[PDB]
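Engineer: Take a look at the letters that make up each chain.
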Amino acid sequence: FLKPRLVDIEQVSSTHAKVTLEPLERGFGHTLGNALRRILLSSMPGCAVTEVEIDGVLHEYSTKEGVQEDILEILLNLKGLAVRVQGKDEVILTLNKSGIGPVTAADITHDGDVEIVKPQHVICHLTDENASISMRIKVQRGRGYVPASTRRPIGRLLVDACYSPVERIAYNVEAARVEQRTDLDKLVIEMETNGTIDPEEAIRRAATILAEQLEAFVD
Amino acid sequence: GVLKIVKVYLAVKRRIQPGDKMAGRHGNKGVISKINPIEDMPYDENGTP
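Line by line, the protein sequences are chains G and I. For the first sequence, the residue numbers in the authors' numbering are 8 to 158, 166 to 233. The authors' numbering puts the first residue of the second sequence at 1045, with every later residue one more than the last.
These are calculated hints, taken from the structure and not from any lab test. Every residue gets a Cβ at the ideal spot worked out from N, C-alpha and C, and that includes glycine. Errors might be hidden in some of the hints.
[Claimed, not checked] If you want the ones that stay clear, here's a sample from chain I, every Cβ over 12 Å from chain G, calculated:
1) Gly1045
2) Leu1047
3) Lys1048
4) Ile1049
5) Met1066
6) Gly1068
7) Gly1071
8) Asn1072
9) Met1085
10) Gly1091
[Claimed, not checked] Straight-line C-alpha distance at most 27 Å; calculated DSS-like pairs for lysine-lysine:
11) G/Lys71 - G/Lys95
12) I/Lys1057 - G/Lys71
13) G/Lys71 - G/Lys10
14) I/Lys1057 - G/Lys86
15) G/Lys145 - I/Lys1057
16) G/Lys71 - I/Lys1051
[As the list claims (entries may be wrong)] Residues from chain G that face chain I, not an exhaustive set, calculated with beta carbons under 8 Å:
17) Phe35
18) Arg45
19) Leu48
20) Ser49
21) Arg182
22) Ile183
23) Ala184
24) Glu204
The task is simple: from the sequences and hints, build the whole structure.
Structural biologist: Below, the structure written as structure tokens:
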């Protein structure tokens, strides 16, 4: 038999890359190409905001003076924030801005571990010259999509968390160019990530999951 | 015959659910039957489900 190996990883942009698994025997290239996609799209460790507490507003459906966005819009913008944490499963992010001008993810004070991958993500726009906003953001790991409903003080808002760094996975099977063999197929996987997870480690995790699952019905 | 009357407002946020009606503009209607996971959906060649 033959053994597939991670031969080439290339990144076209900052979001998505194209991993390569060169040697595969006929038929496998279309079995792994679907297993590693179904696993990848449904279970990956990602970080997303879960609890946002603003200084002065009680509940979601309350406007705040000096901010163009409704508080609901601020929450929905924050849900899409793409951040990654290194060492601690839970973290608190503090945002402090003042003066007229849009606020961005880069305005958040950065700790040693938590770093934002897209510092151009606009959260809210400040219109009045003497307006201010201060919010605490709780960011944690997770797996899959966890609605807020299924998960105390009145001044702490709840936002649904969607821990899924990968958006759009596609694969294809091209015939290999081995100098002496035939029917050998190389596999290319495209992974439109949100920018938090690395491609090679993503493939490694999505394959360890399979290696654990298969050990059920096998010695 | 009433001393004081108090009104309290509740703001539910109804999500989508198997059973909720959903209709197009052309006259096609029908209830949702299953909220399939993203991976189970069909996808074109480029990968978009």
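Engineer: Decide, hint by hint, whether the structure agrees.
Structural biologist: So, going through the hints one by one against the coordinates:
1. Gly1045: holds, 34 Å
2. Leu1047: Non-interface label stands for I/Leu1047: nearest chain G Cβ at 28 Å, farther than 12 Å.
3. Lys1048: holds, 24 Å
4. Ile1049: The claim holds: I/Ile1049 sits with its nearest Cβ about 23 Å from chain G, beyond 12 Å.
5. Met1066: At roughly 20 Å from the nearest Cβ of chain G, I/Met1066 sits farther out than 12 Å, so the non-interface label holds.
6. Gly1068: holds, 26 Å
7. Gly1071: holds, 32 Å
8. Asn1072: I/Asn1072 clear of chain G: closest Cβ-Cβ about 28 Å, beyond 12 Å.
9. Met1085: The assertion about I/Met1085 is violated, with a minimum of 10 Å to chain G.
10. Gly1091: violated, 3 Å
11. G/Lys71 - G/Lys95: violated, 33 Å
12. I/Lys1057 - G/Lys71: It holds: about 20 Å lies between the C-alpha atoms, which stays within 27 Å.
13. G/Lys71 - G/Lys10: violated, 60 Å
14. I/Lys1057 - G/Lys86: Distance ~17 Å between I/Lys1057 and G/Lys86 Cα, so the pair holds.
15. G/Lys145 - I/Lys1057: It holds: about 22 Å lies between the C-alpha atoms, which stays within 27 Å.
16. G/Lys71 - I/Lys1051: Cα-Cα ~24 Å, so holds.
17. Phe35: At about 20 Å, which exceeds the 8 Å cut-off, the nearest Cβ of chain I leaves the hint on G/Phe35 violated.
18. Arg45: holds, 5 Å
19. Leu48: holds, 4 Å
20. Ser49: OK, holds: G/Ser49 within 8 Å of chain I, min 5 Å.
21. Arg182: Nearest chain I Cβ about 5 Å off; hint holds.
22. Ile183: Since the shortest Cβ distance to chain I is 6 Å, the answer is holds.
23. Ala184: Cβ of G/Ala184 sits 3 Å from chain I, so the hint holds.
24. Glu204: holds, 7 Å
In summary, the numbered hints that this structure violates are 9, 10, 11, 13 and 17.
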